[PDB]
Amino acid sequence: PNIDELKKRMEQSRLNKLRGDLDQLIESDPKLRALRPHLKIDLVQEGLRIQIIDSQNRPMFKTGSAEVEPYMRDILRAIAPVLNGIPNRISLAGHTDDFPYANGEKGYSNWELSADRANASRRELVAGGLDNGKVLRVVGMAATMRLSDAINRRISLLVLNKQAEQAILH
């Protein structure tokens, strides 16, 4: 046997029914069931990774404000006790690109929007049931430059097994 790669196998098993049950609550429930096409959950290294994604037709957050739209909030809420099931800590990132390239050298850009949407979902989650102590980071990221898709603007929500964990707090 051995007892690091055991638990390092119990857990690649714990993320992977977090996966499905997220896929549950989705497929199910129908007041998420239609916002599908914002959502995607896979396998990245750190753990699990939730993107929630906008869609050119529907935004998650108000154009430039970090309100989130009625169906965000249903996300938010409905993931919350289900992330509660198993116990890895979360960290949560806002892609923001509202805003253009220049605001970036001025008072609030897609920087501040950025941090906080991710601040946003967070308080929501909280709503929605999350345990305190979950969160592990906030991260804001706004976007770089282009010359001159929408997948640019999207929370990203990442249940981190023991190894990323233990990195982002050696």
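Between two forms, the rigid core is the largest collection of C-alphas that superpose within 1.5 Å. Numbering follows the first chain given and starts at 1. What changes on going to the form deposited in another entry:
Once the two forms are fitted on their rigid core, between these two forms the CA displacement reaches 2 Å or more only for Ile53 among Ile53, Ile50, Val138, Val68.
The Cα position of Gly104 differs by 2 Å or more between these two forms after fitting on the rigid core.
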Given for the second form:
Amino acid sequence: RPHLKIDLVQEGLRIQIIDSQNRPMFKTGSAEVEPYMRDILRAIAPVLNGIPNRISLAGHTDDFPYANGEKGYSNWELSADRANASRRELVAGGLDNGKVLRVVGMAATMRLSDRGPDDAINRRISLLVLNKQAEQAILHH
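Alt. form deposited in another entry, vs. the form deposited in one PDB entry above:
The text that comes after this line covers the one chain and nothing more.
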């Protein structure tokens, strides 16, 4: 059973989804979120509604490339699709309108460092509960 890891960062609250068996939370090349991940995402949505802050959603991939592999569909499209896939699950969980400020596709640029040598663990999404400083930053860009 997967769990959320929530800790403080400069930009606010970072939320990571972590599986105990170090199992990838997405099938390779897939932006379909699994039933187990579905439940934990929908469950945290009312909590996010309580927190007056807005959120940023990020999608990630392993560094297994597509055939072209940046000319057409790539890890950029896939990571972005994973971000929005998690977004739709939060909404299904009852996430309020206007809670999302940003969806982000990171491809394989944000590599985890202490979660083992298997690159497949990077197939994931992450959440960021933005503080006022991070939000005002993003908005005035």
